[PDB]
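A.B. asks: Here is what each chain is made of, one letter per residue.
Protein chains: 2
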Amino acid sequence: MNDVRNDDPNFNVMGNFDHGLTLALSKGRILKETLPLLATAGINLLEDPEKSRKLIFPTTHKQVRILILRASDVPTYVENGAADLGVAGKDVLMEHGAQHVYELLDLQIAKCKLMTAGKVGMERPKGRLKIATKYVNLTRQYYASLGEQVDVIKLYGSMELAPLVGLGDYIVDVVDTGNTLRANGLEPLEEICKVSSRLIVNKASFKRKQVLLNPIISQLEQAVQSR
Amino acid sequence: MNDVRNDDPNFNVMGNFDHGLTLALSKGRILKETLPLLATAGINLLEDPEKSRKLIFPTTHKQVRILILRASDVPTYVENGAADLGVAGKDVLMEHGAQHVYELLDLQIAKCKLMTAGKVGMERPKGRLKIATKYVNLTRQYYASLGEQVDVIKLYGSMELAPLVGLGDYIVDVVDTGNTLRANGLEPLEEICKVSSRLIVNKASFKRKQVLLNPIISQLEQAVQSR
Numbered sequence: 001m002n003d004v005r006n007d008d009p010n011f012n013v014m015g016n017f018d019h020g021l022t023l024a025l026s027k028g029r030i031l032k033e034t035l036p037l038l039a040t041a042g043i044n045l046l047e048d049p050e051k052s053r054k055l056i057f058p059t060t061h062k063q064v065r066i067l068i069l070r071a072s073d074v075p076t077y078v079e080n081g082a083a084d085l086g087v088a089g090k091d092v093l094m095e096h097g098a099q100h101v102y103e104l105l106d107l108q109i110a111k112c113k114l115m116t117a118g119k120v121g122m123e124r125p126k127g128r129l130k131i132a133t134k135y136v137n138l139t140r141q142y143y144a145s146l147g148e149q150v151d152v153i154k155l156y157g158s159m160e161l162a163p164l165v166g167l168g169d170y171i172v173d174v175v176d177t178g179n180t181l182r183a184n185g186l187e188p189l190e191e192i193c194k195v196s197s198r199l200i201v202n203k204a205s206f207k208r209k210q211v212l213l214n215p216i217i218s219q220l221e222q223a224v225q226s227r
Numbered sequence: 001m002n003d004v005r006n007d008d009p010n011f012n013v014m015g016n017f018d019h020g021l022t023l024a025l026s027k028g029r030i031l032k033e034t035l036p037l038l039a040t041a042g043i044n045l046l047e048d049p050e051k052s053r054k055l056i057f058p059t060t061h062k063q064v065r066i067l068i069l070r071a072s073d074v075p076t077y078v079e080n081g082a083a084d085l086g087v088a089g090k091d092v093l094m095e096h097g098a099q100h101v102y103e104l105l106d107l108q109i110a111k112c113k114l115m116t117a118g119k120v121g122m123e124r125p126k127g128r129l130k131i132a133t134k135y136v137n138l139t140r141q142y143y144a145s146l147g148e149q150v151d152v153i154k155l156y157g158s159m160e161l162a163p164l165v166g167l168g169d170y171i172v173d174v175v176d177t178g179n180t181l182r183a184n185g186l187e188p189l190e191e192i193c194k195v196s197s198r199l200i201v202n203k204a205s206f207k208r209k210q211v212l213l214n215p216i217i218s219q220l221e222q223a224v225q226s227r
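Protein chains in written order, with the entry's author numbering: chain A, 1 to 227; chain B, 1 to 227.
Source of the hints: derived by calculation from the structure; they are not laboratory data. Among the hints, a few may not be true.
Heads up, the list lumps identical chains together, so a pair's fine if it works in one copy or across two of them.
No farther apart than 25 angstroms at their CA atoms in a straight line, the calculated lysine-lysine pairs in the DSS-like style are these [claimed, not checked]:
no. : residue 1 : residue 2
1   : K54       : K134
2   : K119      : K54
3   : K130      : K203
4   : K134      : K90
5   : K113      : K90
6   : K62       : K51
7   : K27       : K51
8   : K154      : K203
9   : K194      : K130
10  : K54       : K154
11  : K126      : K203
12  : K27       : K90
13  : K113      : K194
14  : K134      : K27
15  : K27       : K194
16  : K194      : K32
17  : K111      : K134
18  : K111      : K90
19  : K203      : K90
20  : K134      : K154
Okay, chain A solo, but in the shape it has when bound:
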């Protein structure tokens, strides 16, 4: 009946409440670096998600189905076991909070650093520093490091724009290389920590689904070979 997996038919198979494996992936550059790891593990998207109206996606495994989420939402879906396991930025995991999750692997992809940044040739203003950021808990934790307090201002949008129109004193964002910033007349400053994409499993799903999970984890481990 079931036999082996190689689901070639697209636009089908993907059911509701799949008690197989629900994988929560992020959306942009993170997604484009995750796909290749998965391809070696035997999991391939049948369609292009950008040009697709689907919310759940079938893979080459009949046992595995994919969500493409805002990065902030991956931990939330897995925490609640609406997804069994997920691929999330360590920035996002650290802001949110690890609860009903095992962090199983540093995948060594989407490597960046959480940094402060400003306008080039700016004066440290006088009062409470106003910090614009999407990472409230993390910038609060950090300036507690230095013995300072701050006014934080939560942004969900482009944090590059804030201090050009004079919204922040500074910003806190993840920085690959720093090109985009300098080109828009800004400069990276203090490195708060290092960030990479991690794999996470819902604690219950771990106990319960260990025959689908064991091999997949083990093949992803080998694709991050490194040393």
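Got chain A; can you put chain B on it based on the hints?
C.D. replies: Frame of chain A; chain B shown alone:
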């Protein structure tokens, strides 16, 4: 002083931390129903923002620059004075509950309904309900109106996926015709309030720049065919 206010050169003029005017607009279908009204008032872009890498778009008015923000951020920018005025759904504005702001006009565009929603043929669950939604404060106050306290689950992405994978019991979201909803085996249930885009102005912005603002406001009002 200088009367010349017409500006053909885009990729030009631009400015930084202006003391002329700075307009923040949401970037969805809202943007597209908005620009026509700004047209009526001799305020137009000079390129496709969909196809530009610009962060601050200049306009046909030498005295007015534009920002295209992620909806949730518009009230953030105007509260703080980065923007002197902007456009956003009443849903956002009510959830944000911004301080240093005047709502001056119902543009009566992008009309819809903040509603509870669920799976087709749902069964009323037992215990405290879980609600998958972006608008936390708004559901908390709508269930605090029915005396019942609930479990909230904040999402920043598509709220339509949540039910299909069983994140919530119910969801809270904006429903125009909710045509998409049925297509995914979901239903509108109840109604919390009605919703349209509004025009807000920073209060200190309004005290000083009045000279620039009154002409712009007057024109917009008359374009809405309102008395």
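A.B. asks: Each hint needs a verdict: does it hold in this structure or not?
C.D. replies: Hints, verified against the model:
1. Taking CA atoms no more than 25 angstroms apart as the test, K54 paired with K134 passes between copies only; the shortest distance there is 21 angstroms, against 28 angstroms inside one copy.
2. Only between protomers do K119 and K54 lie at most 25 angstroms apart by alpha-carbon distance; the minimum there is 17 angstroms, versus 41 angstroms within a single protomer.
3. Taking the shortest Cα distances, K130 and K203 sit within 25 angstroms of each other only across copies (20 angstroms), while inside one copy they are farther apart (38 angstroms).
4. Within a single copy, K134 and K90 get their C-alpha atoms as close as 14 angstroms, and across copies as close as 23 angstroms, so both meet the 25 angstroms cut-off.
5. Taking the shortest Cα distances, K113 and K90 sit within 25 angstroms of each other inside one copy (10 angstroms), while across copies they are farther apart (36 angstroms).
6. In this homomeric assembly, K62 and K51 come within 25 angstroms of each other (Cα to Cα) only inside a single copy, at 22 angstroms, whereas the closest approach across copies is 39 angstroms.
7. Taking the shortest alpha-carbon separations for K27 and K51, both the intra-copy value of 13 angstroms and the inter-copy value of 20 angstroms come in at or below 25 angstroms.
8. Proximity of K154 to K203 under the C-alpha cut-off of 25 angstroms is restricted to the inter-copy arrangement: shortest distance 21 angstroms between copies versus 31 angstroms within a copy.
9. For the identical chains of this complex, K194 and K130 are intra-copy neighbours only, at 23 angstroms inside a copy versus 35 angstroms across copies, given an alpha-carbon limit of 25 angstroms.
10. In this homomeric assembly, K54 and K154 come within 25 angstroms of each other (Cα to Cα) only across copies, at 22 angstroms, whereas the closest approach inside a single copy is 31 angstroms.
11. With identical chains, the CA atoms of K126 and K203 are at most 25 angstroms apart between copies only, with a shortest distance of 24 angstroms across copies and 47 angstroms within one.
12. Only within a single protomer do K27 and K90 lie at most 25 angstroms apart by alpha-carbon distance; the minimum there is 15 angstroms, versus 28 angstroms between protomers.
13. Taking identical chains as interchangeable, the C-alpha atoms of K113 and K194 lie at most 25 angstroms apart only when both belong to the same chain, with a minimum of 4 angstroms there against 43 angstroms between chains.
14. Taking CA atoms no more than 25 angstroms apart as the test, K134 paired with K27 passes in both settings, with 17 angstroms inside one copy and 18 angstroms between copies.
15. Proximity of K27 and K194 under a CA criterion of 25 angstroms is satisfied intra-copy only: 20 angstroms inside one chain copy versus 31 angstroms between copies.
16. In this assembly of identical chains, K194 and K32 lie within 25 angstroms of each other by CA distance solely inside one copy; the values are 20 angstroms within and 40 angstroms between copies.
17. For a Cα distance limit of 25 angstroms, the shortest separation of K111 from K134 inside one copy, 18 angstroms, qualifies, whereas the shortest one across copies, 29 angstroms, does not.
18. Taking the closest pair of Cα atoms, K111 and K90 come within 25 angstroms of each other only inside a single copy of the chain (10 angstroms); across copies the shortest separation is 38 angstroms, beyond that limit.
19. In this assembly of identical chains, the alpha carbons of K203 and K90 lie at most 25 angstroms apart only when taken from the same copy (18 angstroms versus 39 angstroms across copies).
20. Within a single copy, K134 and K154 get their C-alpha atoms as close as 5 angstroms, and across copies as close as 15 angstroms, so both meet the 25 angstroms cut-off.
Of the numbered hints given earlier, the model fails none.
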